[PDB]
Amino acid sequence: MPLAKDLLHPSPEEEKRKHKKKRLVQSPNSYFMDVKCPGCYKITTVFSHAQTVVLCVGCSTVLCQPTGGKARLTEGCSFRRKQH
Amino acid sequence: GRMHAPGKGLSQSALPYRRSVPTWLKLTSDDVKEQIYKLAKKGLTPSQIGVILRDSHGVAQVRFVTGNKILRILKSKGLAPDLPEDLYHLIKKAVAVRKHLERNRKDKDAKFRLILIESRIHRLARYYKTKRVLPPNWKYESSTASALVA
Amino acid sequence: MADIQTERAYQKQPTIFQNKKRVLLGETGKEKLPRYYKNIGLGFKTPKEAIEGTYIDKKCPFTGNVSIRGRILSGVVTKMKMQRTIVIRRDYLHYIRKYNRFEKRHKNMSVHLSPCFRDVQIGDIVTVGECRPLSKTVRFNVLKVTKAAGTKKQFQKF
Amino acid sequence: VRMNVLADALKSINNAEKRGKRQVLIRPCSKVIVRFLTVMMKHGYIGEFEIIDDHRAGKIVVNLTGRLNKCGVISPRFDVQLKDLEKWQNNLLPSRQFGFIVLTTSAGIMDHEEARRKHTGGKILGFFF
Amino acid sequence: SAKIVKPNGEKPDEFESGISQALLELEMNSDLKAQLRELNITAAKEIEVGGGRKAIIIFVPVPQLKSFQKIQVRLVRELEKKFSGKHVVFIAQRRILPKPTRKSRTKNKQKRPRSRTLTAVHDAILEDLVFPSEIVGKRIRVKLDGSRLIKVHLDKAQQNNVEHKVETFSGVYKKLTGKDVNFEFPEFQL
RNA sequence: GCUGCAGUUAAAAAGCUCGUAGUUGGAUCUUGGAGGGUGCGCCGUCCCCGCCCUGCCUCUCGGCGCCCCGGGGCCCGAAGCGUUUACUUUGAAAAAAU
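Just so you know, the protein sequences line up as chains b, N, L, W and H, in that order.
Quick note on the deposited numbering: the first sequence kicks off at 1 and runs consecutively.
Quick note on the deposited numbering: the second sequence kicks off at 2 and runs consecutively.
Quick note on the deposited numbering: the third sequence kicks off at 1 and runs consecutively.
Quick note on the deposited numbering: the fourth sequence kicks off at 2 and runs consecutively.
Quick note on the deposited numbering: the fifth sequence kicks off at 5 and runs consecutively.
Treat the hints with care, since some could be wrong.
Once the Cα atoms are required to be at most 25 angstroms apart in a straight line, the calculated DSS-like pairs of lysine-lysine come out as [claimed, not checked]: (1) N:9 / N:27; (2) H:160 / b:21; (3) H:178 / W:124; (4) N:9 / b:21; (5) W:32 / H:90; (6) H:103 / H:58; (7) L:153 / N:132; (8) L:79 / L:30; (9) H:147 / H:115; (10) b:16 / H:107; (11) H:107 / H:58; (12) L:107 / N:132; (13) H:37 / H:70; (14) W:71 / b:5; (15) W:32 / H:37; (16) H:147 / L:147; (17) L:144 / H:113; (18) W:124 / W:88; (19) W:19 / W:43.
In case anyone wonders, no lab produced these hints; they're calculated from the structure.
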């Protein structure tokens, strides 16, 4: 705190380190993804932290299990984010 | 911070700005309202519907893809149940604690806790009642509560 | 309605006379009771109930012999235990300089309530007007029922 | 919890200037905070400020020079009677000459000088010098 | 002609007539007709940009907008090209209701909807002036001279459709509210 | 000790928490030009004021009035008239003595 910051334009790096609620103007720190499993060809959208089992469209498969935080995606899987 | 303890803990959603979106979100109001109603048929709570919707199927907030909160959707279909859910789970919790205390008359901690829960209930009901949701004269009673929650 | 007349004495408005009479239909005559009313003034609409009604109430401001002069007050209805009379609670602010915050204070005021008003229910805000001593306690008379289903805490309908 | 929001904004400022700070981020802001920040601004006691729009209640960045000894808030918002304004400024202002008592009147949030000129009065918000 | 689509309580004309005709010109076509046809407009107003290329502002019923949103980009592209020398866009007429006083009188007129407030409406104007981008954030700057300026943050992607426009959005906005608006770009959370 | 007190150790925070009264309660709904007072020798200096660079409706009533076949409809003062207040502001009403 040396009488030097531009509270209005703070850096993206140290904004990105701060608590989601402590951010200049707030915003979350969580995201969505599309997920693959070769056998099917279509793609289920999933939330980064998830609580629910998420199962795919048809195959009783799996597609992550939950945790304290981010859902752990399951073994042989792929995932683009992603939007805006 | 916190009401019935000394806990401080800040913890939250952090809801998004962006006014509109998601944009990568196609589907439609049609779609998710059907989804909601069908889930609520199955007995699911609005909290629960919001979660399962969130993670399994694309719905960041049901509010955004439909100008209405999940509970309001339920109530408009005709799925709203008798008392609000928070009040339910409180009443249910005080029930389970009460059943445990009847079993174990020696547990003073439990007696303290039962009080806390119960106070939280009475205040919440006072609030719901003030606001018409509950008929003025609504009260939670051990005797009848057990019978009420199930 | 309920038979008014109820008591032992024949209830009637003074100096409003009858005379029924012979011939056909009615029979006598159809209304069978001439009724006399007046508007209180101060722009208080004399409710239909007063004109339409059978009830006697000398104490009534519209139908009865009482004049409304003096203070016109408003209060919230605390009690409607007594027949034809109510108790209203009047909140007011008391100013205390000696150091300065004044503290809410209240007074209850007994006030006669004509049968013309109904749904006088506790919680209702009401406008009463000063009057000649009706009874040892009662100085006032309910002139207008302010109402509201509002105060929502429930949903009123019509 | 929170009773008032102004008192926080003002204090935050005062501690900024006391440190030797030249900016602050107050939260959460309000029409009344803006109006007060504005009266301060007109007079010089702060530089320019900026209301950032979280989708919540707001956050303000004030850029401050250093002409500010103190900006206080009066709670509760006592009613003042035109010849209690004369009594207030004397209670809490450095010299008769300067510093402002800022109050809220039916005709706007204003410094008491503007109050005297309009010839209206009301309830006291706070002050500065 | 004038009767149909320039209506909304006044016939009128000239530009409204031209643009309407342009819509018809577009109407001949395929999928670039039938989808539009439903759409209708209340009025057009023209206001300039400082060196002197004018901007044309179009007014919509508001229940309509979702459909207008449906096309927008493609249509605006056509209107800019056919009608060139102008910045075209789309604003929805919104009602705005006055805050009651008191003695305004007050015969407690039916509540009113936030979705009727002057500020909310203005916010809507800002939202309408830019399009598919999104307003990421906002700030208000209090100038030394009692002035206020609103910094309206913008997204990033697809912006280009708006990039050249910006100045007009500022001017257009001014004509409506009398407030000053400024535009910026962000950042990308990491 | 309102303004304007002290309570770790000096006299003084209940062992702790629940809790009714009472008190206390987030953000957010409208955006120069001249008139009059006293200073300085026809000129001006310095306040104060309505301005430039937002009560609706009526049009139980009355009619300013607009259109229809005695029947109708509509629609400056006055009227309708107030959503409630607190507040504050401007008046009156405000014993003499003091």
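Now for the hints, and whether the structure bears them out:
no.	hint	verdict
1	N:9 / N:27	violated (40 angstroms)
2	H:160 / b:21	holds (24 angstroms)
3	H:178 / W:124	violated (35 angstroms)
4	N:9 / b:21	holds (15 angstroms)
5	W:32 / H:90	violated (38 angstroms)
6	H:103 / H:58	violated (34 angstroms)
7	L:153 / N:132	holds (4 angstroms)
8	L:79 / L:30	violated (39 angstroms)
9	H:147 / H:115	violated (36 angstroms)
10	b:16 / H:107	violated (52 angstroms)
11	H:107 / H:58	violated (43 angstroms)
12	L:107 / N:132	violated (28 angstroms)
13	H:37 / H:70	holds (17 angstroms)
14	W:71 / b:5	holds (23 angstroms)
15	W:32 / H:37	violated (49 angstroms)
16	H:147 / L:147	violated (50 angstroms)
17	L:144 / H:113	holds (22 angstroms)
18	W:124 / W:88	holds (14 angstroms)
19	W:19 / W:43	holds (21 angstroms)
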